Amino acid sequence: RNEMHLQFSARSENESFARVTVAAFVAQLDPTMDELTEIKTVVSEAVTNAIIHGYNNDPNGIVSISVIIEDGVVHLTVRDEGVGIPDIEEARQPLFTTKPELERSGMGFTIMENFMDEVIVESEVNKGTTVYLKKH
Amino acid sequence: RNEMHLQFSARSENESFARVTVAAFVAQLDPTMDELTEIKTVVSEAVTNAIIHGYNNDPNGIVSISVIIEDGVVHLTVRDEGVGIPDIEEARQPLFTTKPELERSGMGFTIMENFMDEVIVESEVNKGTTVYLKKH
Amino acid sequence: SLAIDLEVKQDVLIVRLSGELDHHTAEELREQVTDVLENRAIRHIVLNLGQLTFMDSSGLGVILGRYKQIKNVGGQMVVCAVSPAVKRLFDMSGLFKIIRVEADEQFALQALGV
Amino acid sequence: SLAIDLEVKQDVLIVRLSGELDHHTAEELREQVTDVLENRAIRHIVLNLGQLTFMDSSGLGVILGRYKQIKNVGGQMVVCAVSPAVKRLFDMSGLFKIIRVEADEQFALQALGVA
Ligand SMILES: Nc1ncnc2c1ncn2[C@@H]1O[C@H](COP(=O)(O)OP(=O)(O)O)[C@@H](O)[C@H]1O
Ligand SMILES: Nc1ncnc2c1ncn2[C@@H]1O[C@H](COP(=O)(O)OP(=O)(O)O)[C@@H](O)[C@H]1O
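Residue numbers (the deposited numbering), protein chains in the order written: chain A, 2 to 137; chain C, 2 to 137; chain B, 2 to 115; chain D, 2 to 116.
Derived by calculation from the structure, the hints in this document are not laboratory data.
For each residue, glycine too, the CB sits at the ideal point set by N, CA and C.
Treat the hints with caution; some may be incorrect.
Capping the alpha-carbon separation at 30 Å, the derived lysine-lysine pairs in DSSO-like fashion look like this [claimed, not checked]:
(1) C:100 to D:88
(2) A:100 to B:72
(3) B:10 to A:100
(4) B:72 to B:10
(5) D:88 to C:135
(6) A:100 to B:69
(7) B:88 to B:69
(8) D:98 to D:72
(9) C:100 to D:98
(10) A:100 to B:98
(11) A:135 to B:10
(12) C:136 to D:88
Taking CB as the label site, the calculated pair distances span [claimed, not checked]:
(13) C:60 to B:107: 34 to 42 Å
(14) B:85 to D:6: 54 to 62 Å
(15) C:58 to B:101: 52 to 60 Å
(16) B:4 to C:76: 52 to 60 Å
(17) D:99 to A:135: 51 to 59 Å
(18) D:37 to C:58: 23 to 31 Å
(19) A:29 to C:101: 26 to 34 Å
Residues from chain C that face chain A, not an exhaustive set, calculated with beta carbons under 8 Å [claimed, not checked]:
(20) 5
(21) 6
(22) 25
(23) 26
(24) 97
Start from the sequences, fold in the hints, and give me the full structure.
Quick look at the structure:
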C-alpha cells in the first residue's frame, strides 16, 4: 500500500501540473513510457473532462484525483462535484460530446477505456461525477 | 488566485514527491531558484515532522499539504491529525528535539523561519498539528 | 508548454509544433492558426508533430477543426513526423480517414505540389 | 534519489554524495557509515557534498551523528565542495563552529595530514 490525493482549481493551467504529478507518483511502480504516457493521457482526459463538463470552466471549481496503489494496481479516481451525467450509456458511446462548440471529439472515454483496464463511472445529475479508473 | 491540495501516506518515500509537487505548483510565479530551495526545504521539514513525529512513522497517517496563491504571496499550509504538540513555546526553542535518539538535529522549525517570511504553528494534543508558513 | 512556428509557402501553411498539445495549449494554437487563415488564403496545411511531447483528445479536436476550414478551400491536411503514441490516437479516433500522414515534412510538401 | 560513494584511505573514510540528502535517504547513509565505522578503524571522515542537489535538517543530523562518532576517537570531520544552499544550513544551525569545511577532497585530505 501507498496512496495520494490531489485537489486543485478547475483551470487548464494546472492540467499539465496535474498530469505530471499523477505520473510521478505512479513512477514508484517502475513503469514505462507506454504505461507512463497512457496513464498521463487517461488522466488529462478525465481531468480536463471534470473541468468543462462538470464545472463549465469556472476556476472556482476543485477537481480531485485519487491514485491509490495496492499490489500492482494504480487505482485512479478523478472526481467532480459538478453537473453529472443524465445519460451515461449515451456518453459511454464512441464519439459523443456535448460541446461541438469547443471542438470536442468524444474520444475521452474510449481513450480511458483503451488505456486503462476499467473505467467505471457513477454520476447523479447535479451531484457531480466520479471516474473509477484502474490498471495493472 | 489558484490553489492545490495534496495528501498521501505517511511513508518516508513520499517526502520528495511532496516538495516536488509543491515546487511544481509554486513555479507559475516564476521564482528565483533559491526561493524554490527554501520552499522545498521548508516543505521537507514540516512533512518530515508529520511523518516521523506527528505520526511516529506510522504509514497509515495522512500528511496534508495545501498551497494557496493570491496577489503574488504564497500561503503554504501543512496539517496532520496525530499526537500534536505539547509545548509550542518549548518547540520553537532552537535546538530542542524530543527524539534525540533519532539523530534529530532540532533544526526543523528554525529552518522554516530563516526561509519563510511568516510562520504560525497551530497544534492541539491528539487533535493534530497544523502549521502555516507564508512567503511574500 | 507549446512552441508554435508557422510558415506560409504560398497557399500552404506549415505549422511546426514543439511541446505539449493539451486543452490549454490547443486553444492557443487554434487561435494563432485561424488568424492566418483569415489574413492569408491557405489551401493546405502541413503539420509537423516531430518535436511534440504530449497530446490528449483536445489535440485530435483542434486538428479536426483545422481540416474543416481546409475542406472548404479544397485542400489537404498533412500531419508529418508523427510519434507512435500520437499515431496511436489518430489510429483510435479514425482521424486518419480525414488526415494524411507522411514520414517527414518534405514528403508532405511533395504531396502538396512542391 | 541519493547515491553514495565510499572509500577508505589510511584511517580516513571519504563519503561522496550524489543527489537529495533528506530524511528518507539519510538512513542508508547512516547504515553504511555507522556500519563502516563498525567494521574499520576510522579516525576521520571527509564528506564530499559536491554532487548534492538538496539537503535538509534530516541531513545535518546524519552529519552531526557521525560528528559525534569521530569526536569519540579524537578525529575530525571535514566537509568539502559545499554548495551555497547546503552551506547556508550550516550557518543557520551554528555548525559553522563544529566541523572543517574545505573546498575539495584534496584540501580536505590535506587538512588531515593524509599521504
Ligand atoms: N465531469 C463530467 N460532467 C458532466 N458530463 C461529463 C463529464 N465527463 C464526461 N461527461 C460527458 O461525456 C461526454 C463525452 O466525454 P468524452 O468521451 O471525454 O468526450 P469529450 O470530452 O470530447 O466531450 C461529454 O461531452 C459530456 O457530455
Ligand atoms: N507535526 C508535529 N507533531 C508533533 N510534534 C511536532 C510536530 N512538529 C514538530 N513537533 C515537535 O517539535 C520538536 C522539534 O521539531 P523541529 O524543530 O522540526 O526538529 P526535529 O524535527 O529535528 O525534532 C519535535 O521533536 C517534536 O517534539
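Problem - Index of numbered hints that the structure contradicts, given in increasing order - result: 3, 11, 13, 14, 16, 24
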